[PDB]
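Colleague: Residue-level listing of the chains:
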Amino acid sequence: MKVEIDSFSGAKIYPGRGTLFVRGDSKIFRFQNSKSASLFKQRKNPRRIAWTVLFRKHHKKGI
Amino acid sequence: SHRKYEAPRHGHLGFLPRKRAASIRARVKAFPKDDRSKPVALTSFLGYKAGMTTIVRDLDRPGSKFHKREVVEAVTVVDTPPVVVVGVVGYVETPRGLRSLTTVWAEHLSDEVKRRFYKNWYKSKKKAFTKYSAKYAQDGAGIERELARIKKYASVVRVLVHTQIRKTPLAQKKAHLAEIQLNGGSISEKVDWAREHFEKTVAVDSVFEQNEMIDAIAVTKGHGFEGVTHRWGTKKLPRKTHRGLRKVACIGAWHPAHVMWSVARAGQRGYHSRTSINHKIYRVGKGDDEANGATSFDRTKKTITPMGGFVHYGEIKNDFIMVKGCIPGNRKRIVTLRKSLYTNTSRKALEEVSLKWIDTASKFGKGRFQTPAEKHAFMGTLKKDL
Amino acid sequence: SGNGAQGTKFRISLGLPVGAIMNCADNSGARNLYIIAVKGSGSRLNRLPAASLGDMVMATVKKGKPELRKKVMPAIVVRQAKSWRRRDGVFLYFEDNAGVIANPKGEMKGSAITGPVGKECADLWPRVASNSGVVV
RNA sequence: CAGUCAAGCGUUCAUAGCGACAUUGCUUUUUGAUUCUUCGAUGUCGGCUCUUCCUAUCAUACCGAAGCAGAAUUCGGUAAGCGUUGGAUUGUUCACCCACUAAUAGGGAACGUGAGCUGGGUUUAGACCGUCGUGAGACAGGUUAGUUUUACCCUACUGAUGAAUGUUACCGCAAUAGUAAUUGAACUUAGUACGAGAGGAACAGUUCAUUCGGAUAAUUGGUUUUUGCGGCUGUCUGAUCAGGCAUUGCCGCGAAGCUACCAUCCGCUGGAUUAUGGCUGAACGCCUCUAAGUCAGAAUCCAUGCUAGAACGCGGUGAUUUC
RNA sequence: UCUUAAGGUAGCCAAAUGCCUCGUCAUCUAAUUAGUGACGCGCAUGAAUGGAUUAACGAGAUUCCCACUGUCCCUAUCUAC
RNA sequence: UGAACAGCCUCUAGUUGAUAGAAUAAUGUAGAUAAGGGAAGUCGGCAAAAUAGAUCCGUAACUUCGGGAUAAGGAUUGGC
Numbered sequence: 001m002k003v004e005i006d007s008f009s010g011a012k013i014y015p016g017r018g019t020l021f022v023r024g025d026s027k028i029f030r031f032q033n034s035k036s037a038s039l040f041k042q043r044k045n046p047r048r049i050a051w052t053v054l055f056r057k058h059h060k061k062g063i
Numbered sequence: 002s003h004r005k006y007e008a009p010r011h012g013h014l015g016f017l018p019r020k021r022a023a024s025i026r027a028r029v030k031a032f033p034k035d036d037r038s039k040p041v042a043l044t045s046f047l048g049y050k051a052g053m054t055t056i057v058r059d060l061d062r063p064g065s066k067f068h069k070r071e072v073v074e075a076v077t078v079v080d081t082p083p084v085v086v087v088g089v090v091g092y093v094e095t096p097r098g099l100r101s102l103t104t105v106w107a108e109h110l111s112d113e114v115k116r117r118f119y120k121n122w123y124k125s126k127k128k129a130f131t132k133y134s135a136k137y138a139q140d141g142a143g144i145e146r147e148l149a150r151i152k153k154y155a156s157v158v159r160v161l162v163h164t165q166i167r168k169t170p171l172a173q174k175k176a177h178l179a180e181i182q183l184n185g186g187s188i189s190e191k192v193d194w195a196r197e198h199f200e201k202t203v204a205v206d207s208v209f210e211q212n213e214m215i216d217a218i219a220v221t222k223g224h225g226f227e228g229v230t231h232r233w234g235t236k237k238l239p240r241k242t243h244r245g246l247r248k249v250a251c252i253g254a255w256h257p258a259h260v261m262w263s264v265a266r267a268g269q270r271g272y273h274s275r276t277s278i279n280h281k282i283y284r285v286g287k288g289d290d291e292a293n294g295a296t297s298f299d300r301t302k303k304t305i306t307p308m309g310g311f312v313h314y315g316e317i318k319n320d321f322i323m324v325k326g327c328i329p330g331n332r333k334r335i336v337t338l339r340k341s342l343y344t345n346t347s348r349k350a351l352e353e354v355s356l357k358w359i360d361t362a363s364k365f366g367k368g369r370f371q372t373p374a375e376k377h378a379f380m381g382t383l384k385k386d387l
Numbered sequence: 002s003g004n005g006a007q008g009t010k011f012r013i014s015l016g017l018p019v020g021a022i023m024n025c026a027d028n029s030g031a032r033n034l035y036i037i038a039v040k041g042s043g044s045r046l047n048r049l050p051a052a053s054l055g056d057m058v059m060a061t062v063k064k065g066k067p068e069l070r071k072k073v074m075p076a077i078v079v080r081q082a083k084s085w086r087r088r089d090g091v092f093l094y095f096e097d098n099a100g101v102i103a104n105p106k107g108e109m110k111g112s113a114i115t116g117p118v119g120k121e122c123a124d125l126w127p128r129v130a131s132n133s134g135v136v137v
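Residue numbers (the authors' numbering), protein chains in the order written: chain AE, 1 to 63; chain BA, 2 to 387; chain AB, 2 to 137.
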């Protein structure tokens, strides 16, 4: 087996836990949770969301 | 006049009456078929339903598409501390059925089981089985002959056992007590086996083994007085309807001028005895051991109890069971396990099972981490972590 | 499927009932597909037959070419938009639901496919695999 | 609806299958006929819902016959166990079409069912047309609009308690009643058998699904008064901080719990039998499945199993009050 | 040719008038006893017993399409009383 | 606040009345939300939803030339 990375939060997705999405352009996204999923459908930016790994690494926290 | 468009009986009538059980501990109606060629051993067990979780393994049915591929499966977990054998009774057979002629207990008893004899224990002399111990306190004064009576008679024997509700994390202190049939060897052997095992633990490593199909017998969760619509699966009547739509519209014809039993009706849902079968065991595991949650592939030392515990149960520090799928019964509840009655091979009951990974994540939410080590690793330190 | 069931199928959560209009993905001239029936469908009272991924169906064209319009035709689903569950527990869903015209045996009357499809359909209907760009 | 008979059809041949002319019966699901009950009122079509029953069996199980090579089909038997759809138009019953289907069989229960719905239709009063009528007015002729009441009683039903058995607690038995699992596809057998060719099987085996059921809530989804976190508008609290009101103010997230063929898991094997085919076997010195005896045999029947446990069915066991 | 006081003219239709009738043709539909457009030996259309249209208006009757939706597949959950 | 003696909050004045207490089963009444599909339901889209203010843009047939027309249909809207 393997573990993966939420498009939004960038989190380990242990098997089965979480949702998957396949846009018409064949981009396969994965979501650990409906929180991330709903934000994605809202077309939010994780780099702006604070608790996200992208914001974390863009503001240079936990270096 | 006839039914214009056909459709089947809503619900199942073998499972009637849909009424509250006689107990919080489902009766075991039937045990397997006794045979003598095997050794004396139990044919049932008792534990407490703890909860569910989810695992991973490699299927093997030669002809599927997930043959030799991974899957993920919902399992159910039971906490099965070893049951204390105390006593046995003897059943002689009549044209009026099996019938107990003797119940032999043991000398010494635990507060939990004689509490189960009592109701108001906190104000009690605790006077129970004292004169039984005084029938004991000698060599065999009035016990040896009961045993030999059971030998001379009693085609069937059932061993009395009780649980360790104090080993559980529960808050009851009132042990559960029950009988199990033995389906091995001869009758003298059964009784002397039990005599050896008076006041003695018995465990799941002895009663069961992996890849065994069993029956789960328990009482299904109570849902109160309920309408016909959830209780039977009847069509919700339409929007425009005076005086209720969560109903059955016609409940019978003019003639017979009575309500037929088969018609649906509101009333008790749940707290029902149920006996589900063909539940493959996937893992026995040990309280007196760590790494219960760790397969040969993971090898990350971790028990089965997730972060923050089982919801409404706690920990699994006793011997435990992981079985495929669901079972009748809710969390914190008793459960009566049972060997099968029939040598189902089917290339489904013989599918040998070896595991890969076991979700030990928090069910009190949407848990991302199986371990706080992993948690701190992913997160870094924290304000509280000085 | 039946006829063109190159093997079997595992159940898929059902989200395309009769009355559903779903996109057409192929190069056959169509724009939409009005589902009206399902093969291998169950027969229960006041239950709508529901299609799935891989389920061959009978459909109509409410929008498209006047050679295709006003006649039924077999069609096959490749996209669902309803979260179903594979044996690895992955809950997955597209954003749209679409299909492709076919013959009863399963060969696409159209020569191509425009977008992603489902691996189940790709494994069950080989001509779709032939005309597939991307699979999942 | 089913029989008797059999001129004829069926290449030849009455009976594989049909079966005119003639004839004997059955049913009450039509429609008449009658007017026994009912006019100090039995709520009146259909649909929806929901159960149950019959079989004159559409499909499924096992079988027999064929103008049955195979496939497909037709006839017939035990069989009502199990199932018999979604839609278009119509108030519709009915009909007709579309499509799936294993198959889309017919009927009964006060033409089941209105203190269960609805009120399209019919069936008051308003109104329009046509025809009839001098006219008021008439028309199972057409159209439109038109109040659908009460259960708190008894019974039945579902669930739920419960006196009395010397008391109380625990473990059990199991009378009786109920009962459930259903059908299809795909691969393989095998492009084999069979068939001149055309075409084209089957049993076993495997994986899957349909329908129904019984549980469960790890996962996903839903729900959210956790009024838990954050935010938003208006206004009030001098401003801030923090908060009230806005019939739960609104939004996003949202655990727990409940819940979903929208999710998951499970859904037993033995005996006696029918029809049918048979074994030995006479009557009838042969022969014959039958007469005595006897074998296998089905979705049947009964048990296994499962559900409740007789509250007036029972058993085993423990402890049984003192100043 | 019989007969009438004279024999329905313009125009309109299976229309709220048309039994037969689910009239025939077309269209809308996968399918339409509906809807619309045409046809007219119209049982029984029709001219201030007003005919044929008619913009706008209608808590009028009717059909279809877009959107929308717990009407529905198929139900579930929550709140106050 | 806002186009507004709308709706919502407040000041003065007035009330705090309407049997109450405990729990929160069914069925209801009133209010709501619901994945995928989208009227397949039904006599019939009944009920409910969706749209909604303002500014800008654009605007069909038909017409009694007056209208239809907010046609349709699209964009934008905060704070400092």
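Wrong hints could be hidden among the right ones.
To be verified - Per label pair, the in silico range of CB-to-CB distance: (1) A129(BA) - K35(AE): 52 to 58 Å; (2) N212(BA) - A113(AB): 25 to 31 Å; (3) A82(AB) - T301(BA): 34 to 40 Å; (4) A129(BA) - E4(AE): 58 to 64 Å.
Keep in mind that the hints were calculated from the coordinates and are not lab data.
Note that the Cβ used here is the ideal one computed from N, Cα and C, for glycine as well.
Colleague: Is the hinted range of 52 to 58 Å satisfied by the C-beta distance from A129(BA) to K35(AE)?
Modeller: The hinted range 52 to 58 Å holds for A129(BA) and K35(AE), with Cβ atoms some 57 Å apart.
Colleague: Between the beta carbons of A82(AB) and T301(BA), is the distance compatible with 34 to 40 Å?
Modeller: 38 Å, holds
Colleague: At the C-beta level, are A129(BA) and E4(AE) separated by a distance inside 58 to 64 Å?
Modeller: 60 Å, holds
Colleague: Could you check the hint for me, namely that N212(BA) and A113(AB) are 25 to 31 Å apart, CB to CB?
Modeller: 49 Å, violated
The structure is inconsistent with hint 2 alone, although it conforms to all the rest.
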